[PDB]
Every structure is written in C-alpha cells, then in structure tokens.
Amino acid sequence: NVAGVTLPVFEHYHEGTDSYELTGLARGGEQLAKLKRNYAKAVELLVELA
Amino acid sequence: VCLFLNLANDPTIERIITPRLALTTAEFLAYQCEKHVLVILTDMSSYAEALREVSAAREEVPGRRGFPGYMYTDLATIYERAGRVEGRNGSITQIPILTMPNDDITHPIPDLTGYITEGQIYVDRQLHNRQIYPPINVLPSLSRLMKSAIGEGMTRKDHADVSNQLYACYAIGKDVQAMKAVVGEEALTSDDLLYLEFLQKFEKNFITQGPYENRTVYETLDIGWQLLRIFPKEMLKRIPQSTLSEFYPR
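For the record, the sequence lines run as chains 7 and 5.
Here the first sequence is numbered in PDB author numbering, starting from 100 and rising by one per residue.
Here the second sequence is numbered in PDB author numbering, starting from 257 and rising by one per residue.
These aren't lab readings, by the way, just hints derived from the structure by calculation.
Treat the hints with care, since some could be wrong.
What the hints assert, rightly or not - Selected chain 5 positions facing chain 7 (Cβ under 8 Å, derived; list incomplete):
1) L261
2) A264
3) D266
4) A443
Claimed, not checked - Between beta-carbon pairs, the in silico distance windows are:
5) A102 (chain 7) - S397 (chain 5): 28 to 36 Å
6) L145 (chain 7) - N461 (chain 5): 34 to 42 Å
7) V438 (chain 5) - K133 (chain 7): 49 to 57 Å
8) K413 (chain 5) - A102 (chain 7): 37 to 45 Å
9) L450 (chain 5) - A102 (chain 7): 18 to 26 Å
10) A102 (chain 7) - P488 (chain 5): 22 to 30 Å
11) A102 (chain 7) - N461 (chain 5): 31 to 39 Å
12) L144 (chain 7) - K430 (chain 5): 56 to 64 Å
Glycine included, each C-beta is placed from N, C-alpha and C at the ideal position.
Using the sequences and the accompanying hints, generate a full structural model.
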C-alpha cells in the first residue's frame with residue numbers, strides 16, 4: 100500500500116525440485132544447462148515486469 | 257507607568273472619558289517631557305458599546321449593525337494620536353486590544369480598525385487549547401513597515417532574513433504535515449522529516465514563552481539560528497551565502 104491505496108506484487112519461489120535435471124545425458128547437456136539458467140533469469144525478469 | 261482603571265459598574269459616560277485622559281497624558285510625556293511612551297488600550301468593543309449608549313442618549317437613529325454611523329470619526333481621532341515630530345526627541349506607539357466578536361472578521365469594528373491602523377496580529381483558540389502560552393498565530397500575522405524598523409545598525413543585520421526563513425519553513429512544515437495526515441510516512445522523505453522536527457521544536461520552544469521569561473532580541477536570534485541549523489545550507493536557499501557564513505558554520 101502506498102498513499103492509502105493497495106496494489107499487488109508478485110514474487111518468485113524456487114522450489115527445490117527438478118524433472119529434466121539429466122535429459123540428454125549420453126549426448127550432451129551443457130548447452131541445455133545454459134538454456135536453463137538463461138530462461139530462469141528470464142522468468143525472474145518477466146515476473147518482475149508482470 | 258501611568259495606570260488608569262475603570263471598573264465595569266462605573267458610569268457609562270466616564271468610559272468614553274478615560275482614553276482621552278490617557279492620550280493627553282501620553283502626549284504630554286512624549287512631547288513636552290521628550291519621552292518614548294508605549295500606550296496600550298484594552299477592550300474597545302465595550303468602548304463601542306459605550307459609544308452606542310451615548311448615541312441612544314442622543315436620540316439619533318442607529319446605523320449598520322446598530323452601531324452609530326459616526327464610529328469612524330471617533331475611532332480615527334483615538335487611533336491617530338501618535339508618531340514622531342520634527343525638532344523633538346520622543347515618540348508614541350499605540351497597541352489596542354480588540355475583542356473580536358464570535359470570530360467575525362466582517363464585523364464593522366475590526367474591519368474599520370484594520371482599515372485605520374497598519375498591520376495586525378492574530379491569536380488562536382486552538383493553540384490556547386493546546387496549552388501553549390502565548391497562543392500567537394504567526395501564519396496570518398503581518399507587520400506593516402517592519403522592513404525599516406529592523407536591519408543593520410539598528411540591530412543585527414539579518415533579522416528580517418531570519419524571520420522570512422522561519423515563516424517560509426513554518427509554511428512548508430504545515431503543508432507537509434497536512435499532506436502527511438492523509439498520505440502516510442511510507443511516502444515521506446528525509447527533508448520532510450527535518451521539516452516536521454523543525455515545526456515541532458518551533459512550537460515547543462520559540463512560540464513557548466512562559467510568564468516571567470525576560471527574553472532579548474539577540475538570544476532569540478540565537479534560538480532561531482539553532483532551529484535553522486537542523487537543516488544544511490543546501491535547502492536554505494532564500495539567503496545569500498555571503499550572509500549565511502555569518503552563523504551557519506558555528
């Protein structure tokens with residue numbers, strides 16, 4: 100609340116779990132991990148602007 | 257001191273007599289005895305009532321709000337008996353007390369008294385309820401020719417500067433308090449906290465006088481400077497730095 104009027108705010112929680120933690124283990128997964136961190140920070144930014 | 261006294265039960269006619277005696281004695285002291293006389297008069301509302309008494313006795317039809325239509329001339333002759341004169345060492349200063357009827361600025365008596373005299377000073381009921389003595393409201397107060405009554409040589413040079421600063425800061429403090437009372441401290445900046453502190457300290461200390469506190473101009477100037485020192489020079493804009501060096505870096 101600012102100046103007596105309320106507005107909503109969104110916050111990101113990082114649950115400690117994964118499903119694709121080892122997809123493509125026998126061919127390569129490091130570029131996939133770069134995608135993971137890139138899209139995680141993207142999700143942070145998107146939630147903030149939302 | 258020259259004390260004239262006139263109780264309520266005394267004759268109505270003698271009520272219009274005492275101010276003339278006081279004025280005559282004041283003129284005699286100021287001019288023939290080359291004195292500086294501060295005359296003060298009290299409750300001119302009842303004086304107007306006595307004027308109404310004599311008007312009723314005169315069988316002259318009353319005027320607006322029942323008061324006689326020639327109140328102007330009598331009050332003018334009472335007010336104008338002062339000033340300084342050539343080839344003389346003395347002056348007369350008049351300070352009447354008017355009992356504002358029921359907060360009526362449009363009442364004829366205060367209107368005409370404001371017309372004749374120069375400037376005015378207000379008191380406040382709310383401040384009296386706040387138990388702050390004397391209850392003097394400086395926001396509407398105004399002295400007509402203060403600019404020449406004060407300055408270097410007569411007193412310290414920057415008195416008028418200080419009073420202007422205090423007035424402006426008080427106005428800003430009142431405004432931010434009004435915004436505050438509905439908005440909230442969540443949206444308040446530090447400079448506004450400093451303004452609030454200055455306001456609170458100002459009514460706590462400067463306005464507060466007490467009954468028997470003989471205060472002089474120099475120490476009041478020091479107190480005002482101490483209040484102003486709560487702020488840095490950045491926002492003390494209205495005063496040139498050449499004169500701010502006089503007391504700000506103390």
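Verification of the supplied hints:
Contact between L261 (chain 5) and chain 7, as hinted, is not supported at the beta carbon level, the nearest pair being about 58 Å apart and thus beyond 8 Å. At its closest, the beta carbon of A264 (chain 5) sits 54 Å from a beta carbon of chain 7; the interface hint therefore is violated under the 8 Å criterion. With 8 Å as the threshold, the beta carbon of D266 (chain 5) stays out of range of chain 7, its nearest partner Cβ sitting at about 60 Å, so the hint is violated. The criterion of a C-beta within 8 Å of any C-beta in chain 7 is met by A443 (chain 5), whose closest approach is roughly 6 Å, and the hint holds.
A102 (chain 7) and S397 (chain 5) have their C-beta atoms about 33 Å apart, which keeps the hinted 28 to 36 Å range intact. At about 55 Å, the beta-carbon gap between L145 (chain 7) and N461 (chain 5) misses the expected band of 34 to 42 Å. As the Cβ distance of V438 (chain 5) to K133 (chain 7) is approximately 52 Å, the hint placing it in 49 to 57 Å holds. Separation of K413 (chain 5) from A102 (chain 7) is about 44 Å and conforms to the stated range, judged on CB atoms against 37 to 45 Å.
Checked against the hint of 18 to 26 Å, the C-beta distance between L450 (chain 5) and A102 (chain 7) comes to roughly 21 Å, which is consistent with it. At roughly 28 Å, the beta-carbon separation of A102 (chain 7) and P488 (chain 5) lies within the given 22 to 30 Å, and the hint holds. The hinted window of 31 to 39 Å between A102 (chain 7) and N461 (chain 5) holds, with their beta carbons roughly 32 Å apart. Range check, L144 (chain 7) to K430 (chain 5): about 44 Å between beta-carbon atoms, so the 56 to 64 Å window is missed.
The earlier numbered hints that this structure contradicts are 1, 2, 3, 6, 12.
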